[PDB]
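Q: The lines below spell out each chain.
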Amino acid sequence: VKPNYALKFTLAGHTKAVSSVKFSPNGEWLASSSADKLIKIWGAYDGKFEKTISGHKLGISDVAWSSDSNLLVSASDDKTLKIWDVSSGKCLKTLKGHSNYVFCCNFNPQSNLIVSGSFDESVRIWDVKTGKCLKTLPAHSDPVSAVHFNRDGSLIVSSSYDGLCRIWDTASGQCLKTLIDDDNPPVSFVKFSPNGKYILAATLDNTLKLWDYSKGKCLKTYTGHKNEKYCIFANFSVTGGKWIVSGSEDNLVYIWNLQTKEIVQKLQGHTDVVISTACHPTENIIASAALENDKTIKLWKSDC
Amino acid sequence: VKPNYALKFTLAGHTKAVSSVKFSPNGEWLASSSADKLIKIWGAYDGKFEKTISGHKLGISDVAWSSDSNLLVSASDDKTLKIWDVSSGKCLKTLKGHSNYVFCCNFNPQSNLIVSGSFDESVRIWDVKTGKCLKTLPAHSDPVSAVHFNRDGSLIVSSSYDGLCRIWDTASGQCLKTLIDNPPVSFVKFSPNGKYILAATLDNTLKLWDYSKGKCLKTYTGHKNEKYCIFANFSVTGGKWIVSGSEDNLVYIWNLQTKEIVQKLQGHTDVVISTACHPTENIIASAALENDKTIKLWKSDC
Ligand SMILES: CS(=O)(=O)c1nc(NS(=O)(=O)c2cc(Br)cc(Cl)c2O)cn1C1CCCC1
Ligand SMILES: CS(=O)(=O)c1nc(NS(=O)(=O)c2cc(Br)cc(Cl)c2O)cn1C1CCCC1
Numbered sequence: 031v032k033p034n035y036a037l038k039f040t041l042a043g044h045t046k047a048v049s050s051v052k053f054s055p056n057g058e059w060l061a062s063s064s065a066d067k068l069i070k071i072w073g074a075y076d077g078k079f080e081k082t083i084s085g086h087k088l089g090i091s092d093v094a095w096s097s098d099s100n101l102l103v104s105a106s107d108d109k110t111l112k113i114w115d116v117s118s119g120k121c122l123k124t125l126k127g128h129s130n131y132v133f134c135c136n137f138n139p140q141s142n143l144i145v146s147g148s149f150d151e152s153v154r155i156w157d158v159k160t161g162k163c164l165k166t167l168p169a170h171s172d173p174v175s176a177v178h179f180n181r182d183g184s185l186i187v188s189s190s191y192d193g194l195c196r197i198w199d200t201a202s203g204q205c206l207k208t209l210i211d212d213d214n215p216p217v218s219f220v221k222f223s224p225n226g227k228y229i230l231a232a233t234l235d236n237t238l239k240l241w242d243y244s245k246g247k248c249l250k251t252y253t254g255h256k257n258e259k260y261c262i263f264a265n266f267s268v269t270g271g272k273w274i275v276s277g278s279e280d281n282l283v284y285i286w287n288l289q290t291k292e293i294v295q296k297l298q299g300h301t302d303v304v305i306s307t308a309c310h311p312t313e314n315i316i317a318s319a320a321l322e323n324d325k326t327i328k329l330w331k332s333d334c
Numbered sequence: 031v032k033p034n035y036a037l038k039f040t041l042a043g044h045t046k047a048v049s050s051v052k053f054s055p056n057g058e059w060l061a062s063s064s065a066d067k068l069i070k071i072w073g074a075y076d077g078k079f080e081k082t083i084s085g086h087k088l089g090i091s092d093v094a095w096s097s098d099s100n101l102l103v104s105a106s107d108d109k110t111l112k113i114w115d116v117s118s119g120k121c122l123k124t125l126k127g128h129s130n131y132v133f134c135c136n137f138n139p140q141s142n143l144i145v146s147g148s149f150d151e152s153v154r155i156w157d158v159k160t161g162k163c164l165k166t167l168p169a170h171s172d173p174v175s176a177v178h179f180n181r182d183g184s185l186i187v188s189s190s191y192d193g194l195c196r197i198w199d200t201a202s203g204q205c206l207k208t209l210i213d214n215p216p217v218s219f220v221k222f223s224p225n226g227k228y229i230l231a232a233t234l235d236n237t238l239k240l241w242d243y244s245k246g247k248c249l250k251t252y253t254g255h256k257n258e259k260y261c262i263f264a265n266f267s268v269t270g271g272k273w274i275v276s277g278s279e280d281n282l283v284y285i286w287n288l289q290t291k292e293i294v295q296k297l298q299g300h301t302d303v304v305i306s307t308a309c310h311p312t313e314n315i316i317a318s319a320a321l322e323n324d325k326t327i328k329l330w331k332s333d334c
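The listed protein sequences correspond, in order, to chains A and B.
Heads up: the first sequence is residues 31 to 334, going by the authors' numbering.
Heads up: the second sequence is residues 31 to 210, 213 to 334, going by the authors' numbering.
No wet-lab data here; the hints were simulated from the structure.
Cβ atoms here follow ideal geometry from the backbone N, Cα and C, with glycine treated the same way.
Any given hint could be a false lead.
As the list claims (entries may be wrong) - Some chain A residues near chain B, calculated using beta-carbon distances under 10 Å:
1. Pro55
2. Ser99
3. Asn138
4. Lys159
5. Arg181
6. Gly183
7. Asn225
8. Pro311
9. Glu313
To be verified - Cut-off 25 Å, straight-line C-alpha distance, at most; resulting in silico cross-link-like pairs (DMTMM-like, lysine to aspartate or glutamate):
10. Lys245(A) with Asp333(B)
11. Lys81(B) with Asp98(A)
12. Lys52(A) with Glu58(B)
13. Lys227(A) with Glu313(B)
14. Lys81(B) with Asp333(A)
15. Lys120(A) with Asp333(B)
16. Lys159(A) with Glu58(B)
17. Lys38(B) with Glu58(A)
18. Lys331(B) with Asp333(A)
19. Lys296(B) with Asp98(A)
20. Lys165(A) with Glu258(B)
21. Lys78(B) with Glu58(A)
22. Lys331(B) with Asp115(A)
23. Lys272(A) with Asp115(B)
24. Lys272(A) with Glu80(B)
25. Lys165(A) with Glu313(B)
Unchecked claim - Partial selection, computed: residues in chain B whose CB lies under 7 Å from chain A:
26. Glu58
27. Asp76
28. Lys109
In isolation and in its complexed conformation, chain A is listed as follows:
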């Protein structure tokens, strides 16, 4: 069994490299962010452009949705995050405190907190309602590439170019676990697995690894794509077959069998690095986005 993702729509509009794509939790929308300082909202099923959201003063590296799909948070090189009302496009709050580019962000499942990571090497936890910074974690000794909450919000995982992944207790701010090897290439992405027991980490040795972080054991590796430079998102695809999905610096989307690690599909069409992919929450749909020779988002659909 292999998926058969086929191209359905190409979405143009951004005027610099795209940086992130995310489907809303209710399945209805895709949000994209770009170095052009904009967020764009698109229909998830037909690619229809819905709106542009503007106000950051420099490029945007990441965007994340609240669980009720009503809010977005964005992380910008202007050293802020912004919380947006998706329906109106209005900026509700500007989150100030990082001292350099904000690279990654996420809401907790409860969506009362936002976590952010920055080039300033810190991880910050923010109150959604007030916009205030609740905690600053001295998390890493180099830029922070990803931050993600687990399924009950009680943990955060962070990754950094310092080579580490760390697990944090949300409520206390304490580091519960550091994952480190004899060799520690930059970690360019991390997230919790669907069941919360694993983390999937990308390193710039062209490799994805699935770790049991409690036991400190690497269960699976996914290779054959190209990733030595950019922070490229990876995903778990849960709607049909159990796949790992990632972009790649050879302009393809790679899809692997979770268990066997075999590459099961490569999606061809983009004309630059595929910096970001997202998997739809209920349908077998992938969104992919590329850097500045391309500047487009593609929507792909599969039977499994």
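Chain A is fixed; fit chain B with the ligands onto it per the hints.
A: Showing chain B with the ligands alone in chain A's frame:
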């Protein structure tokens, strides 16, 4: 201070009346049961359907979570209770012994015991590990409408259409107290601090009792409850509220101390038979009978 619960999601999927909704202790999930013989699991923050759990041969009246959120127990008209692994959906044990419909169930905080009540007028205490019945208590003289453990599991409270609430010692099975006009008692549970019980009677009244002193400290009224066993709850995450469904299709919310109705949630199109309060967020789940068949999730700032 008054809450401002607003509708966030409507969860459709059951094909007959919903009978109970419960949040998992870790806050991640809502479990629902229905007369359609199914349990459904839903995401607590995005309302997304997760899975259906099936195997009972007749409708289900109640479902309850273990304290690690890994197991469910369900009580059915098929006269059995089933213990389920939530991750796999598999039935681990079928608890056999009641001679009629099983109406209510709960784990203790340690989650090594389950308590059940039945139309057979008994309360049973079951070993989770083996599924064996440990004790049968001749608890009531009419159907048992609710059973609940206190904060550490040392006590059980039961209620019945016979008009009584009874407090039982878990370890010994002995009745420590009987609270005795005697309208049918359609629901009971211990308060968060274990010192009170909140009891619903089919005279449209919720009462908060100090059961050790035999004193009724508060009543909550203004809703409609003369027929169904409607759950009620203590809301501990924001303001101190009592929450209940109602036979006029609304969710009622009262101030614990003043007994004032502070909000009524409108949206359901049938009796709101069950409500649940999320363990850490100000989120209510409500569920309704068969003209409606949906669960609604509501969110408040306090
Ligand atoms: C193969 S397996 O199906 O047995 C399995 N499930 C998990 N859990 S996971 O990574 O969180 C997860 C990933 C996806 Br993609 C989808 C879902 Cl639903 C999901 O739960 C891991 N594995 C195996 C690989 C490593 C241990 C055995
Ligand atoms: C008003 S009060 O705050 O003084 C108060 N607390 C309790 N304890 S309770 O019922 O277990 C309880 C209920 C809720 Br709802 C939430 C929490 Cl957290 C909680 O602990 C009772 N009362 C008063 C009602 C009658 C006696 C005085």
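Q: I'd like to know which numbered hints this structure contradicts. Please list them from smallest to largest.
A: The structure conflicts with hints 9, 10, 18, 20, 28, although it agrees with all the remaining ones.
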